[PDB]
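2 protein chains.
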Amino acid sequence: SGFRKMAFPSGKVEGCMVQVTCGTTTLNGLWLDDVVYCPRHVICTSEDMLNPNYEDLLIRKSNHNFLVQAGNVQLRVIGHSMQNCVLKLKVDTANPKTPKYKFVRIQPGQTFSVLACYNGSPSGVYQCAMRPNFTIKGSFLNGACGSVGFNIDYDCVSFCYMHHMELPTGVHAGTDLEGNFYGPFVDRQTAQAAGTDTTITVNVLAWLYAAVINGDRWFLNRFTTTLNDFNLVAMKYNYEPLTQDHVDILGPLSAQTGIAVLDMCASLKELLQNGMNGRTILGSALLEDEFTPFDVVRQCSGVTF
Amino acid sequence: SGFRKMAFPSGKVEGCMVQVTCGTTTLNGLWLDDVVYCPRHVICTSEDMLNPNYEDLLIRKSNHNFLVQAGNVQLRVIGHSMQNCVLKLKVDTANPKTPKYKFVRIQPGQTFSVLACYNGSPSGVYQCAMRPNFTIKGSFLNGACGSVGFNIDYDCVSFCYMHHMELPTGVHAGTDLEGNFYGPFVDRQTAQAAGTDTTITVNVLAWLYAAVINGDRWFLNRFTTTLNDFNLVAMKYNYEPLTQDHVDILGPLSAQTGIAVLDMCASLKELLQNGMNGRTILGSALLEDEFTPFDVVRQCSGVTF
Ligand SMILES: *C(=N)[C@H](C[C@@H]1CCNC1=O)NC(=O)[C@@H]1[C@@H]2[C@H](CN1C(=O)[C@@H](NC(=O)C(F)(F)F)C(C)(C)C)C2(C)C
Ligand SMILES: *C(=N)[C@H](C[C@@H]1CCNC1=O)NC(=O)[C@@H]1[C@@H]2[C@H](CN1C(=O)[C@@H](NC(=O)C(F)(F)F)C(C)(C)C)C2(C)C
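The listed protein sequences correspond, in order, to chains A and B.
As numbered in my numbering, residues 6 to 310 make up the first sequence, in order.
As numbered in my numbering, residues 6 to 310 make up the second sequence, in order.
A couple of the hints might just be wrong.
Where chains are identical, the list cannot tell them apart; a pair therefore holds if satisfied intra-copy or between any two copies.
Unchecked claim - Straight-line Cα separation of at most 25 Å, SDA-like style, residue types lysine to any residue; simulated pairs: (1) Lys95 with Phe228; (2) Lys102 with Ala75; (3) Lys102 with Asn219; (4) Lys66 with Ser6; (5) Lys142 with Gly76; (6) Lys66 with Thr230; (7) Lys102 with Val308; (8) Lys274 with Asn147; (9) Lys142 with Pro189; (10) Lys102 with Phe228; (11) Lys66 with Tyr242; (12) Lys142 with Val40; (13) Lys66 with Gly184; (14) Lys10 with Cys305.
Source of the hints: derived by calculation from the structure; they are not laboratory data.
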């Protein structure tokens with residue numbers, strides 16, 4: 006028993022981190038086989054970042070201008086190209102620690118682990134959700150760019166995020182590993198802001214199931230609701246609409262606990278309308294929305310990699 | 006910016022996990038050089054666990070009865086001994102992935118990362134504090150025993166915890182890597198309970214400094230207090246006494262922010278007496294006590310390993 010915010014084991018990703026320096030700008034890169042992936046603004050000076058023409062800046066670079074270091078070993082760069090907001094450096098050595106991997110683009114509401122790195126070296130690992138406004142609530146400093154987010158499935162690392170920038174209120178934005186931003190953001194140092202966020206309803210429901218599994222059942226009421234009636238009530242509280250796809254994904258937790266999804270919805274509705282009356286659920290005084298249904302099943306069933 | 010509960014990168018520890026089976030009991034072991042460390046109740050049947058005589062049970066075992074698997078490779082056991090509540094299996098192969106390491110016994114209030122494992126394979130990583138009642142608030146299922154807790158310092162893994170058991174209310178107990186339990190617990194399936202816990206005051210103060218660093222400053226008041234007066238007030242709210250050692254360890258955060266420790270204490274005193282008035286600090290509606298001063302400095306300064 007117990008329920009904690011839990012990251013994937015980071016070792017397979019640690020074996021892929023390198024540092025990339027161009028001029029006096031240094032950030033992190035991801036070394037998979039004989040390619041290093043990193044944010045394209047490694048080619049910018051501080052002044053360039055205010056309004057960069059990345060294509061122009063990259064024209065003026067050649068392979069040898071990129072100093073790629075894997076530990077204290079320099080990796081010779083033998084080619085380069087830009088794909089959207091990511092630079093791809095071909096090196097003459099394939100990474101022997103390359104895991105089985107995929108590049109995926111995740112959906113708002115899905116979670117992933119972040120290996121926060123500086124100068125090619127890992128600092129820590131934490132779990133994040135892609136918010137509905139396409140930011141993540143991360144923890145990043147100067148030099149963190151190129152840190153990646155990922156999920157693991159058995160032996161396969163699915164990379165889904167590369168870190169690029171911090172937005173007002175201390176939230177974070179980046180790209181998939183093809184260099185395409187999540188959300189309407191651009192990699193330029195000019196005023197940008199995320200839109201209003203929303204609460205990930207299906208994840209709150211997943212976490213209420215986690216609570217029941219752990220014996221924290223006080224909030225279960227005796228009622229049911231329709232999906233329509235739930236979504237009308239949830240809308241007022243800035244909860245995203247619960248879809249039938251969401252109901253279907255909650256099925257395994259529903260079947261395990263014997264609580265119908267729409268009965269859980271009736272209990273959540275009462276929590277939204279009435280509050281928690283000073284009580285906690287799984288030790289939290291707020292409803293938690295950064296555990297997916299699969300996160301709950303992995304943790305409570307002991308899925309390994 | 007941003008502040009998250011953050012674990013150490015787990016790769017160095019992942020390379021040390023194996024599975025240990027004796028009879029039909031399987032749990033995790035830690036393989037360092039040519040020794041595997043694991044909980045001694047691997048030698049118990051379910052019935053033995055109700056009242057085990059470990060010395061007697063181990064007399065009846067020989068080396069070959071221990072099936073140690075590192076992936077799909079069996080490690081031949083060539084010796085064994087018991088040290089307190091840990092079994093040490095000497096194997097004929099040294100682990101080539103052994104990191105620089107130490108065995109340490111940590112103090113209540115200190116934090117560590119847990120790599121939760123099943124059948125020798127990692128499931129996830131999360132951060133925990135050794136509570137003042139010598140339990141941890143973990144997340145563990147059947148088969149998790151032998152999972153370890155650790156801190157990293159540059160290249161050196163300090164192992165501080167091995168998981169053995171779950172106590173009432175879903176909290177957890179275990180040993181250091183010399184097999185000595187934290188707290189008054191024994192590895193026997195008989196009713197045991199932790200004593201009343203207390204809040205780790207120095208960690209709450211550290212986290213309030215983390216909040217100021219991130220710009221969450223609303224709770225700063227205009228007052229100071231004496232250490233004596235603070236500790237009288239904190240006692241009522243089941244906060245542990247703040248010592249001069251604690252004040253000294255908070256020094257770097259105090260100097261960085263320009264807020265004297267005793268001025269922070271005056272702000273915490275007001276939070277304890279008045280509550281948070283429905284507000285959050287770093288997104289939490291409760292005061293958080295599982296970040297140490299060094300945890301705050303590592304995360305906000307980007308310390309790497
Ligand atoms: C990569 N190493 C950093 C990570 C930042 C630094 C502080 N916390 C982080 O996550 N990325 C940058 O510094 C990027 C980069 C130029 C400026 N930048 C920002 O993150 C800035 N944000 C914005 O300009 C805004 F608001 F649009 F997101 C900054 C004000 C420095 C936080 C480029 C090329 C976007
Ligand atoms: C190791 N694989 C398990 C981990 C447990 C299992 C459920 N969650 C966990 O953390 N350790 C055990 O099953 C140990 C073990 C016998 C019984 N045990 C317990 O954890 C039991 N707890 C107690 O007996 C109590 F309350 F004293 F802590 C159990 C009721 C199964 C949770 C031995 C040898 C102590």
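Cross-check of the supplied hints:
Taking CA atoms no more than 25 Å apart as the test, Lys95 paired with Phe228 passes in neither setting, with 60 Å inside one copy and 59 Å between copies. For a Cα distance limit of 25 Å, the shortest separation of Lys102 from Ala75 qualifies both inside one copy, at 12 Å, and across copies, at 18 Å. Proximity of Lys102 and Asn219 under a CA criterion of 25 Å is satisfied in neither setting, with 38 Å inside one chain copy and 36 Å between copies. Proximity of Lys66 to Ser6 under the C-alpha cut-off of 25 Å is found in neither arrangement, the shortest distances being 55 Å within a copy and 31 Å between copies.
Taking identical chains as interchangeable, the C-alpha atoms of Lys142 and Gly76 are never at most 25 Å apart, the minima being 29 Å within one chain and 35 Å between chains. Proximity of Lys66 and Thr230 under a CA criterion of 25 Å is satisfied in neither setting, with 62 Å inside one chain copy and 59 Å between copies. Taking the closest pair of Cα atoms, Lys102 and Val308 come within 25 Å of each other both inside a single copy (23 Å) and across two copies (24 Å). For the identical chains of this complex, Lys274 and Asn147 are neighbours neither inside a copy (42 Å) nor across copies (34 Å), given an alpha-carbon limit of 25 Å.
Within a single copy, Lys142 and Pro189 get their C-alpha atoms as close as 17 Å, which meets the 25 Å cut-off; across copies the closest is 39 Å, which misses it. When the C-alpha separation of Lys102 and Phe228 is checked against a cutoff of 25 Å, the pair qualifies neither within a copy, at 53 Å, nor between copies, at 55 Å. For a Cα distance limit of 25 Å, the shortest separation of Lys66 from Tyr242 qualifies neither inside one copy, at 51 Å, nor across copies, at 62 Å. For the homomeric pair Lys142 and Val40, neither the shortest alpha-carbon distance inside one copy (29 Å) nor that between copies (41 Å) is at most 25 Å.
Taking the shortest alpha-carbon separations for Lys66 and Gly184, only the intra-copy value of 19 Å comes in at or below 25 Å, while the best inter-copy value is 58 Å. Taking the closest pair of Cα atoms, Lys10 and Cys305 come within 25 Å of each other both inside a single copy (12 Å) and across two copies (20 Å).
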